[PDB]
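Number of protein chains: 2
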Amino acid sequence: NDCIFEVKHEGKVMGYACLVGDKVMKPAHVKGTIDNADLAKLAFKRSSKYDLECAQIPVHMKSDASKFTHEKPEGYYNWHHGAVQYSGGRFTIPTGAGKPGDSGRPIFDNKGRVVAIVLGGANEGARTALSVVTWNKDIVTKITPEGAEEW
Amino acid sequence: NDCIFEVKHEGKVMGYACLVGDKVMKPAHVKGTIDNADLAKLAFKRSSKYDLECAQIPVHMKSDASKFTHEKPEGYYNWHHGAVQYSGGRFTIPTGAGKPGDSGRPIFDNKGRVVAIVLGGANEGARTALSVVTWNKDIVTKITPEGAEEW
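Line order of the protein sequences matches chains C and E. Numbering (full-length UniProt numbering) for the first sequence: 111 to 261. Numbering (full-length UniProt numbering) for the second sequence: 111 to 261.
Hints listed in this document are in silico derivations from the structure and should not be mistaken for laboratory results. Heads up, some of the hints might be wrong.
[To be verified] In silico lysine-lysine, DSS-like type, Cα no more than 27 Å apart, as pairs:
1. E:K133 to E:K151
2. E:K159 to C:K118
3. C:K122 to E:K118
4. C:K118 to C:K182
5. E:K221 to E:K172
6. C:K155 to E:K133
7. E:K182 to E:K133
8. C:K122 to E:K122
9. E:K252 to E:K118
10. E:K247 to E:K133
11. E:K247 to C:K151
12. C:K252 to C:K118
13. E:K159 to E:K177
14. C:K133 to E:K182
15. E:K122 to C:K172
16. C:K151 to E:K172
17. E:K209 to E:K133
18. C:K172 to E:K118
19. E:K182 to E:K122
20. C:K151 to E:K159
[Said to hold, decoys possible] Simulated DEER-style distance windows between Cβ atoms:
21. C:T254 to E:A150: 44 to 52 Å
22. C:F154 to E:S157: 36 to 44 Å
23. E:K151 to C:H191: 41 to 49 Å
24. C:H191 to E:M171: 57 to 65 Å
25. C:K155 to E:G131: 26 to 34 Å
26. C:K155 to E:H139: 54 to 62 Å
27. C:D248 to E:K151: 35 to 43 Å
28. E:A138 to C:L152: 24 to 32 Å
29. E:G211 to C:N111: 21 to 29 Å
30. E:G211 to C:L152: 37 to 45 Å
31. E:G198 to C:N111: 30 to 38 Å
32. C:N111 to E:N220: 53 to 61 Å
33. C:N146 to E:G198: 40 to 48 Å
We put the CB at the ideal spot given by N, CA and C, even for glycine.
Produce the entire structure from the sequences given, and follow the hints as far as they go.
Structure, rendered in structure tokens:
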């Protein structure tokens, strides 16, 4: 629990939304609303290409945002449930650790600076390979391995 | 904290409403709806002169009501944030004891009988003199010192 915020929709916990920099980002495919009315009233823009939902952060909450970085070194990273291996341009997780519902939770570095948002994972490598959105040459881009299932 | 009840509008509390005698009392300037369904459905009457919204207490809340009294001798009184001086026909409080949100707290005497409801206040330097509606010959009357701000 550093920046993760619960999104709840019609009885079901349906993911997490994150305010980072000037954006509130949430996966477009998870329907419903973040359970604080101040956020819930903003103009959200949908992109099907990235399955991304983006919004402008309100002013009085700007200082609550997580830091970010363009730098993604190879190594181990942290998320809510433990270590995340990054190598080969792939974020990976222990096979079977995966949990449908957690899509939208951030991945962060050794200084707690978020580098990517997880969308899901693919079960036929060696470890679970994550499909994620992240910024390369300051451009947001989605990297999705073939045969990934929605979480 | 014995007989004090909220009212909330778009996630933010917007002051308080109070059941007093056989009365449901709320300032009219408090925007929004009480987030408890028994209160929101009564017949409310507006008075613009007094900024008052009025309702009859339902039977199921009758045994929760605060005692009151019409007689207000000079002295000190109580509210949630401490002492309130009444003397000279003027009620005042220490500057900083009140802030946006405290409108709706009842003011009560040493026998726990509510004598007045706060609508707002005028800072006069070291202390703040409240604008309040209260009773004279059993009739509600608004007393407002010059330069009063809503709380």
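Each hint, compared with the structure:
| no. | hint | verdict |
| --- | --- | --- |
| 1 | E:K133 to E:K151 | 15 Å, holds |
| 2 | E:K159 to C:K118 | 43 Å, violated |
| 3 | C:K122 to E:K118 | 25 Å, holds |
| 4 | C:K118 to C:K182 | 31 Å, violated |
| 5 | E:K221 to E:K172 | 20 Å, holds |
| 6 | C:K155 to E:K133 | 47 Å, violated |
| 7 | E:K182 to E:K133 | 19 Å, holds |
| 8 | C:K122 to E:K122 | 24 Å, holds |
| 9 | E:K252 to E:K118 | 25 Å, holds |
| 10 | E:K247 to E:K133 | 17 Å, holds |
| 11 | E:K247 to C:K151 | 47 Å, violated |
| 12 | C:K252 to C:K118 | 25 Å, holds |
| 13 | E:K159 to E:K177 | 26 Å, holds |
| 14 | C:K133 to E:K182 | 55 Å, violated |
| 15 | E:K122 to C:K172 | 19 Å, holds |
| 16 | C:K151 to E:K172 | 38 Å, violated |
| 17 | E:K209 to E:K133 | 25 Å, holds |
| 18 | C:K172 to E:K118 | 24 Å, holds |
| 19 | E:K182 to E:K122 | 33 Å, violated |
| 20 | C:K151 to E:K159 | 34 Å, violated |
| 21 | C:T254 to E:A150: 44 to 52 Å | 48 Å, holds |
| 22 | C:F154 to E:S157: 36 to 44 Å | 41 Å, holds |
| 23 | E:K151 to C:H191: 41 to 49 Å | 46 Å, holds |
| 24 | C:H191 to E:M171: 57 to 65 Å | 47 Å, violated |
| 25 | C:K155 to E:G131: 26 to 34 Å | 53 Å, violated |
| 26 | C:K155 to E:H139: 54 to 62 Å | 36 Å, violated |
| 27 | C:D248 to E:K151: 35 to 43 Å | 54 Å, violated |
| 28 | E:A138 to C:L152: 24 to 32 Å | 30 Å, holds |
| 29 | E:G211 to C:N111: 21 to 29 Å | 28 Å, holds |
| 30 | E:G211 to C:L152: 37 to 45 Å | 24 Å, violated |
| 31 | E:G198 to C:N111: 30 to 38 Å | 54 Å, violated |
| 32 | C:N111 to E:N220: 53 to 61 Å | 46 Å, violated |
| 33 | C:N146 to E:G198: 40 to 48 Å | 46 Å, holds |
Consistency with the previously given hints fails for numbers 2, 4, 6, 11, 14, 16, 19, 20, 24, 25, 26, 27, 30, 31, 32, ordered from lowest to highest.
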